[PDB]
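Asks: Each chain is listed here by its residues.
Protein chains: 2
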Amino acid sequence: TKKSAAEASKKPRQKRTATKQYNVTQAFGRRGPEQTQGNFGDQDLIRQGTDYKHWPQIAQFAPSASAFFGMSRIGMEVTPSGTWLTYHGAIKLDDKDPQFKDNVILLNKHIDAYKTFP
Amino acid sequence: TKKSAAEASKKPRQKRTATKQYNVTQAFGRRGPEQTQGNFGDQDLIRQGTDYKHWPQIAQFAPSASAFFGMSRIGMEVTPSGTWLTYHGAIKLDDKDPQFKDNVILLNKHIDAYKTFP
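Residue numbers (the entry's author numbering), protein chains in the order written: chain A, 248 to 365; chain B, 248 to 365.
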C-alpha cells in the first residue's frame, strides 16, 4: 500500500485536481474526524475525482478570490519553513435558486460522508 | 422604509467585485469588531477596489474551487434563517516565484493598515 504517494511528484496545490486514475485522498486529504484529514468527500468522489457527477454543481456557486482576501480572516507568519496563511469566516448559501435544497443535501452527503463510511 | 429595488437586478452572488464607483466595505463588510465584516483592509484599496495598484498580484495565487472545497473544514447547518457555511484551513503562498517577497509585503499592508486607520 502507499501513504505518501503524493510525494512521488510535484503539483500546484492551488490548482490541485484529482483525476479518475489518481488517488483523490492523496491529492487533497483522507476522510477523518479532524480538519487536517478532510471533513468533505463522499465515497463516489474518491472513485473518479473530477469525472464524478455533480462536481461542477459545487464549483458554480464557489466564491472568487475577493472574499477570500476580503473577510476570510487574513493572517500569516513568515517562518523559515515558508509562509503559512490561514482563512476563517462564514457565507450564506444561494437561497434564491430552485436547486438550493438539492445543493444543501448534495454538500451534506460529502460532509457527513465519514458518518456512513465503514 | 425599504425602497431598495437595485437588488431585483442580477448582481454577483459569490463573485463580489468592488469598482471605483462602489465601496469595498459594502461588497465585503464594514471593518469593525466582527471577524466576518472584514476587519483587515488598506485605506487605499477602499478608494477603487478592483482598480487598486497591485490588485491582480493577490488573485495570482488564489486557491481554485477544487482546493477551496475539501480540506477547508466545511460545515453548515440547515436552519430556518438559511444555511450558514463556515470554514477553517491553511494555505502556502506562491513562494516558488520571485514576486513572492513583494506579495508578502503587499498582502501584509492590509493586515496592519486597519490598526493605523483613523
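No lab work stands behind these hints: they were computed from the structure. It cannot be assumed that every hint is accurate.
Since the list gives no way to pick out one identical chain from another, each pair is judged satisfied if it fits inside one copy or across any two copies.
Derived DSBU-like pairs (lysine-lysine); straight-line CA-CA distance at most 35 angstroms [as the list claims (entries may be wrong)]: (1) 300 / 362; (2) 356 / 339; (3) 249 / 348; (4) 348 / 257.
Asks: Please work out whether the CA atoms of residue 348 and residue 257 approach to 35 angstroms or closer within one copy, between two copies, in both situations, or in neither?
Replies: between (38 angstroms within a copy, 21 angstroms between copies)
Asks: First find the shortest C-alpha distance between residue 249 and residue 348 inside one copy, then the shortest across copies, and answer within, between, both or neither for a cut-off of 35 angstroms.
Replies: Intra 38 angstroms, inter 28 angstroms, cutoff 35 angstroms: inter-copy only.
Asks: At most 35 angstroms between CA atoms: does that hold for residue 356 and residue 339 within a copy, between copies, both, or neither?
Replies: So residue 356 and residue 339 pass the 35 angstroms test inside a copy (18 angstroms) and across (28 angstroms) alike.
Asks: Using 35 angstroms as the alpha carbon limit, work out where residue 300 and residue 362 are close: within a copy, between copies, both or neither.
Replies: Classified as within; 21 angstroms inside a copy, 46 angstroms across copies.
The earlier numbered hints are all upheld by this structure, with none contradicted.
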